[PDB]
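Here you get one chain, nothing else, as structure tokens; it is the form deposited in one PDB entry.
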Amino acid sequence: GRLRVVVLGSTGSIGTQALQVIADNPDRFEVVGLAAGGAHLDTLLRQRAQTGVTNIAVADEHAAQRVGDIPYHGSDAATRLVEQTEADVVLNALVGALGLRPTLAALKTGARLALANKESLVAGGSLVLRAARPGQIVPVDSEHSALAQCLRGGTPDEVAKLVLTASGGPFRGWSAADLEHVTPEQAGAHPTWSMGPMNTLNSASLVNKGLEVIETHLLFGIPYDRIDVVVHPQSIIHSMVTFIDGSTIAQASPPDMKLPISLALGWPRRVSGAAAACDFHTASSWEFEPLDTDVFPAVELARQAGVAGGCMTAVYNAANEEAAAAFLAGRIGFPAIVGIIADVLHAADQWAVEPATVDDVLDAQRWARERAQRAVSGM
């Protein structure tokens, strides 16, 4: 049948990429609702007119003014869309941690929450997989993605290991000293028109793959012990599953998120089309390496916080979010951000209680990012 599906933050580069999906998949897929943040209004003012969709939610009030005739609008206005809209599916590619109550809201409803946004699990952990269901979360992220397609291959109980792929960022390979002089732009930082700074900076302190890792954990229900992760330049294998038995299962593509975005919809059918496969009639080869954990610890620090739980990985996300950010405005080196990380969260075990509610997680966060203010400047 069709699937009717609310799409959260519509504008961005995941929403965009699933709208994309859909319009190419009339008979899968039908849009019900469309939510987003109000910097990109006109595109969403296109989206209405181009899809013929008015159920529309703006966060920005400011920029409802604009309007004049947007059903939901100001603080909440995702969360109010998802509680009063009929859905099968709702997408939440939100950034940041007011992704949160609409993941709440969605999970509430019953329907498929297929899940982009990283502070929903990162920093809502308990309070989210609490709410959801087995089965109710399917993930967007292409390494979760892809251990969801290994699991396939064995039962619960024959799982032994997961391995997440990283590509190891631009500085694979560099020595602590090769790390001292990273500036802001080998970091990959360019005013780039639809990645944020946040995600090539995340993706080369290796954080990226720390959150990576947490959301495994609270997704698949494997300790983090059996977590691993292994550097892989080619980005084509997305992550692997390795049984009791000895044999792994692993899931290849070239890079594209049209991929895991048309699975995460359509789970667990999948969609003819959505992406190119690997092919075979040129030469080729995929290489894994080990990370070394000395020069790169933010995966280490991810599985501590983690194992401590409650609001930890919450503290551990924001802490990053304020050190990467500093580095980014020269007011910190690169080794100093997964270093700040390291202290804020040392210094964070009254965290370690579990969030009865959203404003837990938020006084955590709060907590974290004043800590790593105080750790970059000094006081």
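Numbering follows the first chain given and starts at 1. We call the rigid core whatever largest set of C-alpha positions still superposes within 1.5 Å between the two forms. First, how it differs from the form deposited in another entry.
- Comparing the two forms between these two forms on the rigid core, the single residue of 256, 228, 76, 300 with a CA shift of 2 Å or greater is 76.
- A displacement of less than 2 angstroms separates the C-alpha positions of residue 346 between these two forms, with the rigid core held in common.
- For residue 28, a C-alpha deviation below 2 angstroms is recorded between these two forms after rigid-core alignment.
- Core-superposed comparison between these two forms: the CA of residue 310 stays below a 2 Å shift.
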The other form holds:
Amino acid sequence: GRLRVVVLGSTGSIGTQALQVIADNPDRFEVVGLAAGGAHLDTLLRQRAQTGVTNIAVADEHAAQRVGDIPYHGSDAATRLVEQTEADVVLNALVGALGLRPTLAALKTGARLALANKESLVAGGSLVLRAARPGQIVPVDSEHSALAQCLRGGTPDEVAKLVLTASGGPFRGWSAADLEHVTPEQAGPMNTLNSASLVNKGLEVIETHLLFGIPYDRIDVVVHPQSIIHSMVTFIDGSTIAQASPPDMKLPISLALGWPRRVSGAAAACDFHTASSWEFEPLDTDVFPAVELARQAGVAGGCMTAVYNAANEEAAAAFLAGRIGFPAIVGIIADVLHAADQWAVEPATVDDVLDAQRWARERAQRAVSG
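What's the form deposited in another entry like, now that we've got the form deposited in one PDB entry?
So it's only the chain below, everything else dropped.
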């Protein structure tokens, strides 16, 4: 078989690597669609030139007019490209809750969704799950890919704990007082910030619960600054199975596209002929409260994980524009969450989620103002 692949967010870090893997393996994969935001003119063209098909979407209006030929544009350009293209695999490499509609469309087409866009699942919640068949969503996120490989190591009831590794970000070891002084420069895009703030890991804890069906109190996080161990599963007998590789998104990308077949040569193996060490430390939850906050959001459930994420997108951008200090990103997430008791109802519709996100954006905006 030669699987048909739509790449959403193809001008991005993940999309590009994905494109490299596909190009490297013509016999297994073919690109048949590319969606971007329009902000990276050059790349998108150099990308069309190399593919074969001009089946493409651009979000920004001013931007898509600067090119032409473009089958789809508008804020729902990405979503439309999914509905009308035929595929075996849809790779959602978009960023933010804006990936939610194409996530939802991807699932209706009955193709595999290789999910990089964790925010879609995080906001989506039970809604996105209801839209999927067992094993239709295959994670691209290196931790969740690692977990998926390690879970072949037993049966569901033999699972005791899922153990997430985290890099710790660039402020690993810093005091709360050290965090006051953090600049956009030191924390650097929205993906790098989420890492630095550990909001990313919070998102990943939520994504673990949704993907694998494991209680929040059995999802651990451990700081591993080498990022070679990508995550681990601890089983009931005391055994732990772990996945390791030098960090390289091509490995998890490859596995998600060709699941369950492994893609030969996708990435380099650990070198066990050269001395190395793998360190572990506890995450400082006093100084980095974002993870506990995500658990609290997750347990509450319903639309609350939408609120968590939406508050972040708003607070994080506001930090990037110099409008707030670094510790205020999560301070604002918490304030918003503390006031959101109403959104702990299950999202019946797409619009239930969009309402919660609107609510949270505007709540976060006001705390930025105040």
